[PDB]
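Given next are the chains, with one letter for each unit.
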Amino acid sequence: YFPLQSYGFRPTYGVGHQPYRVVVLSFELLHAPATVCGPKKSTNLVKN
Amino acid sequence: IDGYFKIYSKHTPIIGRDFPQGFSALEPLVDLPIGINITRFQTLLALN
Ligand SMILES: *[C@@H]1O[C@H](CO)[C@@H](O)[C@H](O)[C@H]1NC(C)=O
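Going down the list, the protein sequences come from chains A and B.
Numbered by UniProt numbering, the letters in the first sequence go through residues 489 to 536 in order.
Numbered by UniProt numbering, the letters in the second sequence go through residues 197 to 210, 212 to 245 in order.
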């Protein structure tokens with residue numbers, strides 16, 4: 489048997505058979521210095 | 197370093214012919230966090 493099979497997606501198909509775009513986010517643990525962080529910045533200088 | 201590769205540099209003008218006797222500090226330029234094994238060192242020469 490052929491290992492690969494065509495999906496044959498059709499709009500008339502049900503929700504379970506409808507195509508779904510899936511993206512998997514993988515996070516690498518701390519083994520090297522961190523290169524990706526989140527954006528954080530607020531407030532002002534407010535002196536004196 | 198284990199987590200960084202610190203690089204320090206400085207540009208000076210000639212006073213004399215070669216290796217003048219004087220003091221000049223070395224300002225850092227960039228610290229690449231590559232963290233790899235480094236044992237040998239070889240330089241390059243430009244050929245025109
Ligand atoms: C990196 O590899 C070099 C070359 O074999 C070795 O001398 C050095 O100990 C290694 N360093 C680490 C942290 O594994």
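To be clear, the hints were calculated from the coordinates, so they are not data collected in a lab.
Errors might be hidden in some of the hints.
Reference excerpt, derived from the structure (chain A facing chain B, CB under 10 Å, subset only) [to be verified]: (1) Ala-520; (2) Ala-522; (3) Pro-527; (4) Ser-530; (5) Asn-532.
The following residues of chain A were derived to be distant from chain B, with all beta-carbon distances above 12 Å [said to hold, decoys possible]: (6) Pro-499; (7) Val-503; (8) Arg-509; (9) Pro-521; (10) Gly-526; (11) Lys-528.
Below, simulated SDA-like cross-link-like pairs (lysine to any residue); rule was C-alpha separation at most 25 Å, straight line [to be verified]: (12) A:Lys-528 with B:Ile-233; (13) A:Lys-528 with A:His-505; (14) B:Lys-206 with B:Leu-241; (15) A:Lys-528 with B:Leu-229; (16) B:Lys-202 with A:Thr-523; (17) B:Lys-202 with A:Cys-525; (18) B:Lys-202 with A:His-519; (19) A:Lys-529 with B:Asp-228; (20) A:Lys-528 with B:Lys-206; (21) B:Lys-202 with B:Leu-241; (22) B:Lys-206 with B:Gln-218; (23) B:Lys-202 with B:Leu-244; (24) B:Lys-202 with A:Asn-536; (25) A:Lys-528 with B:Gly-219; (26) A:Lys-529 with B:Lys-206; (27) B:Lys-202 with A:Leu-517; (28) B:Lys-202 with A:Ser-514; (29) B:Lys-202 with B:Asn-245; (30) B:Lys-206 with B:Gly-219; (31) A:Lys-529 with B:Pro-230; (32) B:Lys-202 with A:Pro-499; (33) B:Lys-202 with A:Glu-516; (34) B:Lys-202 with A:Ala-522; (35) B:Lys-206 with A:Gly-502.
The beta-carbon is built from N, C-alpha and C at its ideal position, and this holds for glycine as well.
The hints, checked one at a time:
| no. | hint | verdict |
| --- | --- | --- |
| 1 | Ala-520 | holds, 5 Å |
| 2 | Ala-522 | holds, 8 Å |
| 3 | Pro-527 | violated, 20 Å |
| 4 | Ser-530 | violated, 27 Å |
| 5 | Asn-532 | violated, 30 Å |
| 6 | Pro-499 | holds, 49 Å |
| 7 | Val-503 | holds, 46 Å |
| 8 | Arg-509 | holds, 34 Å |
| 9 | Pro-521 | violated, 4 Å |
| 10 | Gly-526 | holds, 18 Å |
| 11 | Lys-528 | holds, 20 Å |
| 12 | A:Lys-528 with B:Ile-233 | violated, 30 Å |
| 13 | A:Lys-528 with A:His-505 | violated, 41 Å |
| 14 | B:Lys-206 with B:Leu-241 | holds, 20 Å |
| 15 | A:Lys-528 with B:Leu-229 | holds, 23 Å |
| 16 | B:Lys-202 with A:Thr-523 | holds, 16 Å |
| 17 | B:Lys-202 with A:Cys-525 | holds, 21 Å |
| 18 | B:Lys-202 with A:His-519 | holds, 18 Å |
| 19 | A:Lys-529 with B:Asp-228 | holds, 24 Å |
| 20 | A:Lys-528 with B:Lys-206 | violated, 34 Å |
| 21 | B:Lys-202 with B:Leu-241 | holds, 20 Å |
| 22 | B:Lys-206 with B:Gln-218 | holds, 16 Å |
| 23 | B:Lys-202 with B:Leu-244 | violated, 29 Å |
| 24 | B:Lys-202 with A:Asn-536 | violated, 37 Å |
| 25 | A:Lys-528 with B:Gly-219 | violated, 45 Å |
| 26 | A:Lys-529 with B:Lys-206 | violated, 33 Å |
| 27 | B:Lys-202 with A:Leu-517 | holds, 23 Å |
| 28 | B:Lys-202 with A:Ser-514 | violated, 29 Å |
| 29 | B:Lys-202 with B:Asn-245 | violated, 31 Å |
| 30 | B:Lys-206 with B:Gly-219 | holds, 14 Å |
| 31 | A:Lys-529 with B:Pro-230 | holds, 24 Å |
| 32 | B:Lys-202 with A:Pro-499 | violated, 57 Å |
| 33 | B:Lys-202 with A:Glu-516 | holds, 24 Å |
| 34 | B:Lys-202 with A:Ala-522 | holds, 16 Å |
| 35 | B:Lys-206 with A:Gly-502 | violated, 68 Å |
The structure does not agree with the numbered hints 3, 4, 5, 9, 12, 13, 20, 23, 24, 25, 26, 28, 29, 32, 35 stated previously, though it agrees with the rest.
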